[PDB]
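**Q** Given next are the chains, with one letter for each unit.
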Amino acid sequence: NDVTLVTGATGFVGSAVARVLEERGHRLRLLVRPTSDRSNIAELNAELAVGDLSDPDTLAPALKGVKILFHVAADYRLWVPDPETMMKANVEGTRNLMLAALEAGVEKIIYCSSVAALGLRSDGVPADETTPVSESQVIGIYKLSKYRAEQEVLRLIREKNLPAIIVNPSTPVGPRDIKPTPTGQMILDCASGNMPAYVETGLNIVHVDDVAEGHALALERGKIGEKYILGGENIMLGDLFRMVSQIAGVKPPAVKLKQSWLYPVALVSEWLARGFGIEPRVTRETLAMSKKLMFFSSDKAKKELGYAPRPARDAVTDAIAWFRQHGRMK
Amino acid sequence: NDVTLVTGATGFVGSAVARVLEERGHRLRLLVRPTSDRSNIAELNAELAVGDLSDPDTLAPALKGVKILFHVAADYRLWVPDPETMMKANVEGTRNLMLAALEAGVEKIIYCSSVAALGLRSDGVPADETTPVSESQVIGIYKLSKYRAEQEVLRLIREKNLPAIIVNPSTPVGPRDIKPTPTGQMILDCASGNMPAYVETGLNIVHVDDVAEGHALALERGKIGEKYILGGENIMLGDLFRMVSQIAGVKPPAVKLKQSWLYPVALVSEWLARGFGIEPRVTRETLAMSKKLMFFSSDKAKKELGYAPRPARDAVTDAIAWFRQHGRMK
Amino acid sequence: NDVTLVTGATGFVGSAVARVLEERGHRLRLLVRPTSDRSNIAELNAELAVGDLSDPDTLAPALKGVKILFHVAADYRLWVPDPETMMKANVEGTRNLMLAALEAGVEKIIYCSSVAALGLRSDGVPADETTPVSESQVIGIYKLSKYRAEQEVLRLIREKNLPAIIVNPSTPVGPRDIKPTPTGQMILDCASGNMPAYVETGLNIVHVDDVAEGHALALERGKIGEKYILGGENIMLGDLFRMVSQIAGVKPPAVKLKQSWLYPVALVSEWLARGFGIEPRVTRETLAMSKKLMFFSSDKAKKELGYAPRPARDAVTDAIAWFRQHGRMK
Ligand SMILES: [Hg+2]
Ligand SMILES: [Hg+2]
Ligand SMILES: [Hg+2]
Ligand SMILES: [Hg+2]
Ligand SMILES: [Hg+2]
Ligand SMILES: [Hg+2]
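Taken in sequence, the protein lines are chains A, B and C. Using the entry's author numbering, the letters of the first sequence correspond one by one to residues 10 to 339. Using the entry's author numbering, the letters of the second sequence correspond one by one to residues 10 to 339. Using the entry's author numbering, the letters of the third sequence correspond one by one to residues 10 to 339.
The set of hints was computed from the structure by calculation and includes no laboratory data. Treat the hints with caution; some may be incorrect.
Unchecked claim - Derived pair list, reagent style DSS-like, types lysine-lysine, alpha-carbon separation capped at 27 Å:
1. B:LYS300 <-> C:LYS188
2. A:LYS117 <-> A:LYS232
3. B:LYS300 <-> C:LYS97
4. C:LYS339 <-> B:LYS267
5. B:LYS97 <-> A:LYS97
6. B:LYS97 <-> B:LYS117
7. A:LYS97 <-> C:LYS97
What the hints assert, rightly or not - Far from chain C by the CB rule (all over 12 Å, computed), these chain A residues:
8. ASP84
9. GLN160
10. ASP198
Even for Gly, the Cβ is constructed at its ideal location relative to N, Cα and C.
All chains should be modelled from the sequences, with the hints used to inform the complete structure.
**A** In structure tokens, the structure reads:
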């Protein structure tokens, strides 16, 4: 009657979301995989349900007696040999979960999505929940997957009155980055001195604990059918590495490749594929999309939810302090 | 009773075919998906039906009262980040549409397929509808998708009495190339003096209005179960570029890369994959297939349907003009 | 119920299976695909059921009156342009087949899997049936495919009482390598003097007929539910080539690339991908997995089954002769 189910709780975001809910005193049930590793888990007094999103039979048991569902992705950019197969399984998995929660009579669903599902501006002014997005401008399987999944949730919200509120975190950094996420691995390589080169670009960094808190705020004050960007700070990658290096007491990376220098590679790529009669993975048309800065505003969640992200330097600082104490810099 | 249905009408080939059928006085229904840009369409006075091939349930309404179906590929050679997923949708969609059309009692189906579904020769004698082809000779997802789709149409002709005539256009060029098409893009790069190199290739260029006409002609004179190639001119790529440059009044590109110089990249490609335990995208064997000239004959369509295509010059000349009037070039 | 059924008999590994089953006086029936060139079923005394693992309906017929089933994948490491689609087809073709075998009352099933489905050691001690594996450790699609299909067969064994014994060959070398197999290609490139360089790995080479023997020996002495490695010799790739070259009467390749030299290539690949916003196909984590020697122990098949394979030397010798006689060597 009173159970909060969170999925993806072994992940970086999932577990931080779980901790927040716990300190707010929800009764937790955590869906985990048959495989799965309960390491940043045992910390939580929590019911554990075992299940798997691709098979709707194991989900009803887990959603019995559940009032509130937080759907958080199991991983965050987990590399795989089969990316197209993973995108189908993740899109369908989300659909099964959403339909199952609907069927079990869950009252409120908070769906964790991502800025990767959202649109971009070209003039370098930060994008928001209103920026138009089209399938034809999405560039990789990671983003395409987040885009398709988010579109599924919006279809179910409209066609079937799914009581879902959507959250779109930017790129979370912070302590407890166990696998390291890709952004963690970059911060680690850099803090360690072993990152000689990099390709410039723009991203938005957000403390993982702020993402977490923002999920709780969406449950408390968010409106069914709305998306809310959960960003922190719009930062260039060079500036990020400047901060990492200054905090870690090390030399910043020597080599900065401008994105416009990838143009020739794009061109060669188109010529190789043509010459071989295959599809290029990368083209000039590809580069012109990925050139855009990934800059987002969190103003909608600021006004509408009282979301208060701490600055990017705080997230980077904690992530490094944690990496040092936990042996990751060796 | 008497409606003509046309899919892919927003695309380059689809809308030409649509226009041709209107000057012939057919009543048009356009199968369309929900976000489709309505801009290429407006000039037609057509019923629009929103429907999605991947799903049988949506098609029966779009087929009520339809005497004639033109199934034209939604896109032409559109790069995607999920080529295999799109292949599944093209192949399954075409099956669905074809079953739904049997179930709705459609009297004629013109199926738009491509020379990419057909077999190639190695003596540089132009191939035709008769050239043998086997699934294992086909080297990219794009050609494989078209080969498999056509096989399905052939199966349903043979097993379920599907009343389909098949049309196999070569590579269409001309006005109204809005995206543009990858070939229009080569036209553009070349016309403006920024294609410094190209890999020698041979292909077959057809005026996009000849493809559209050929489609109308196949309905009026073609026999159920027959494939007809709708080509124009077989031309080497360097000759196509020398022609483009002369028309645009610039210097031809002067760096022509032989295909055989790709060997060492194909070698390095196999060894790199082996060293990383993955599948190479490109092998020595791929390269032997890519070598073959995409030369084709339209003799069957000229003799059986009256098809009278124009030279490549007209196609390229018309493309450049349009590109000029609508600001893609000077 | 008299007939021994074998799929993939047209394959390199099937062609060896039948041969050995003739030598044993099983009454054989060979499942065989409508296309597939029937070259190795040629003068075998066998029934000729035509079928396709993709749909259950061609199977009910071919299975009827069959006591013993050997399921051998027909394509050994076949490069394709659609590898994830092929993995789906191989997993489901195996599920279908196994379900049809239940129906038909088959007593014993011999499943051909592969060491690719198994775990690997980091220390370079040969791994065995017992070595732990998880999905996330798995490096390429071929491996993933083999892994998933076996995880399927293990499920049917467990929960539906599939009467299957599992066999895991290492890498087959010998006569009748038609495509060839990627390894056969490496033997041709080597035997002809066309291999300047190679990356150093370890491999387990097994005479293709010893794999055949192993299949039969598994039938006659092996427990339901158990796996059996069917290997030969663990050798470094370099020694393999010295071996191929001496037998070919040619100079060995003299460029041996260390595995650790790919590390900057992995790095470059991660950066180009980040810059182009696509998923890297190869990363430092990939490289760490693929560094491991593909080394395996056959002790279990030796003890439970009296498997006694020959040295790798014989395999290479049988294979080169075959190549020479069929006119594929310079
Ligand atoms: Hg997320
Ligand atoms: Hg650094
Ligand atoms: Hg077409
Ligand atoms: Hg040019
Ligand atoms: Hg096998
Ligand atoms: Hg060699």
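**Q** Are the hints correct? Go through all of them and say.
**A** Each hint, compared with the structure:
no., hint, verdict
1, B:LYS300 <-> C:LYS188, "holds, 20 Å"
2, A:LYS117 <-> A:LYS232, "holds, 10 Å"
3, B:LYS300 <-> C:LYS97, "violated, 30 Å"
4, C:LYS339 <-> B:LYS267, "holds, 24 Å"
5, B:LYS97 <-> A:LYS97, "holds, 12 Å"
6, B:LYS97 <-> B:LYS117, "holds, 25 Å"
7, A:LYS97 <-> C:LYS97, "holds, 12 Å"
8, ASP84, "violated, 10 Å"
9, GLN160, "holds, 19 Å"
10, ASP198, "violated, 10 Å"
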